[PDB]
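Listed below, chain by chain, are the residues.
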Amino acid sequence: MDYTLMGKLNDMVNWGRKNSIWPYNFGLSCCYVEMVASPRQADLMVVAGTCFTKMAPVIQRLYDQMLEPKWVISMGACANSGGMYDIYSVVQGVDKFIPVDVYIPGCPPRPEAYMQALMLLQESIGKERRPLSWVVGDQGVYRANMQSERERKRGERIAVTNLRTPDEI
Amino acid sequence: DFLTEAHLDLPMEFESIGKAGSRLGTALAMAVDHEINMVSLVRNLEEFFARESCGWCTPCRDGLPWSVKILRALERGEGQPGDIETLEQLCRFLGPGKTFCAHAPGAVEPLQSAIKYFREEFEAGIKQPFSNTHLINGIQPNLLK
Ligand code: SF4
Ligand code: SF4
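Heads up: the sequence lines are chains D and Z, in that order.
Take any residue in the first sequence, note its place counting from 1, add 1048, and you have its number in the numbering used here.
Take any residue in the second sequence, note its place counting from 1, add 1, and you have its number in the numbering used here.
Honestly, I wouldn't trust all of these hints.
[Unchecked claim] Looking from chain D toward chain Z, a few residues come up when the C-beta cut is under 8 Å (computed):
| hint | residue |
| --- | --- |
| 1 | 1213 |
| 2 | 1214 |
| 3 | 1215 |
[Claimed, not checked] Using C-beta positions, here's what the derived DEER-type ranges look like:
| hint | chain 1 | residue 1 | chain 2 | residue 2 | range |
| --- | --- | --- | --- | --- | --- |
| 4 | Z | 62 | D | 1214 | 39 to 49 Å |
| 5 | Z | 133 | D | 1205 | 53 to 63 Å |
| 6 | D | 1205 | Z | 143 | 48 to 58 Å |
| 7 | Z | 67 | D | 1206 | 45 to 55 Å |
| 8 | Z | 143 | D | 1210 | 54 to 64 Å |
| 9 | D | 1214 | Z | 132 | 19 to 29 Å |
| 10 | D | 1206 | Z | 49 | 54 to 64 Å |
| 11 | Z | 143 | D | 1155 | 50 to 60 Å |
| 12 | D | 1206 | Z | 125 | 49 to 59 Å |
| 13 | Z | 93 | D | 1206 | 54 to 64 Å |
| 14 | Z | 143 | D | 1063 | 57 to 67 Å |
| 15 | D | 1085 | Z | 134 | 55 to 65 Å |
| 16 | D | 1213 | Z | 130 | 17 to 27 Å |
No lab work stands behind these hints: they were computed from the structure.
We put the beta carbon where it would ideally sit given N, CA and C, even for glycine.
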C-alpha cells in the first residue's frame, strides 16, 4: 500500500507500540465527561471537546510537551471541525494546528466509539514505518495510506434494508 | 329559504316574507311533501348552485363543492362529526358581502333554512367517526383532544 513521508524487529517494535498505548485525555468540554499520566510519558493525545481560542495555546503546548512517537485522536464534532460552533471564539477543528491520526464523529461519541478509535489507531501503528535509531537508517516516518472506513464498510452499510420502527423503546 | 306550515299564512310581500327569515324572490313557491328527504333536496340544490358558479370568487367556487360533498356523504349515510358545523360555517361565510355577487348567498339560503328547521335528517346522516388521516407506520400520531 502507499505511504506518506531486519524487518521482523520493526514489526516487533510496532507491536510493542501497538498494545502499549498511554493516553493523555484532554478535558475541554462535554465530550470528556461523556468518555469518562504526564504529557512527557504519554504517547497518545485524545482531544475531546471544543478548541476555544483562549486554550488552543494550552492544547498546542501540551502537545509539544509529548515525545516521539505521538498520535492524536480527535473525538467529537468540535475537535473534528468545530462542529456546531462555527463562532468567533472557536477554532474550527483540532487539525488546524496539530496533526490528527484518528477522527471520531459524534456529539458526543459513545465510549465504544473511543474504543473503536483505539482499534483503528492500533492497526494504524501496526503497519507504519518509523526509524529504528537516530544514527542508523532513514530518519523518516511513513504513515500507511489506509483504506477509508467508509469505503471498507460500504457494502454492508448499503445492504441494510429495514430498521426497527421508532415507536418502541 | 325554506318555510314551514306555520308560515303559510304570511301575505306574499317582500317585507312579510323577509321578516320570516326568507325572501319573496320570484314569488313562485315550491311545495315539498313529507316523502321528500331534505338532505337529498338540499344536495340537489347545492349541486345546481355549485356547478352554476361562474368561478370568479373563492368562497362560492371552492366552498359550494365542499357543501355538495358533505351533503353527498350525509345522503349516503357516510357523514362524520363536524359536517353540520362545517355546513353552518359555509352558510355564514357565503352570506351577503362575502362573495363577489349574490349567487352564493342565494345558494346558502336553503341550506341555512333546512338545517334550521329539519336538522334531524342532517344529524341522521352522520354515521362514521371523523377521519381524514391514514396511519403512517413509523410515526405515532398527535392524538388531539
Ligand atoms: S462535539 Fe458536542 S458533545 Fe463534544 S464537546 Fe462539542 S458540543 Fe460537546
Ligand atoms: S358568488 Fe358570483 S362572482 Fe363569486 S364565483 Fe359565485 S357566481 Fe361567480
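Now the hints, each set against the structure:
no.	hint	in the structure
1	1213	holds, 4 Å
2	1214	holds, 5 Å
3	1215	holds, 5 Å
4	Z:62 - D:1214: 39 to 49 Å	holds, 42 Å
5	Z:133 - D:1205: 53 to 63 Å	violated, 38 Å
6	D:1205 - Z:143: 48 to 58 Å	violated, 33 Å
7	Z:67 - D:1206: 45 to 55 Å	holds, 47 Å
8	Z:143 - D:1210: 54 to 64 Å	violated, 25 Å
9	D:1214 - Z:132: 19 to 29 Å	holds, 23 Å
10	D:1206 - Z:49: 54 to 64 Å	holds, 59 Å
11	Z:143 - D:1155: 50 to 60 Å	violated, 28 Å
12	D:1206 - Z:125: 49 to 59 Å	holds, 58 Å
13	Z:93 - D:1206: 54 to 64 Å	holds, 57 Å
14	Z:143 - D:1063: 57 to 67 Å	holds, 58 Å
15	D:1085 - Z:134: 55 to 65 Å	holds, 60 Å
16	D:1213 - Z:130: 17 to 27 Å	holds, 25 Å
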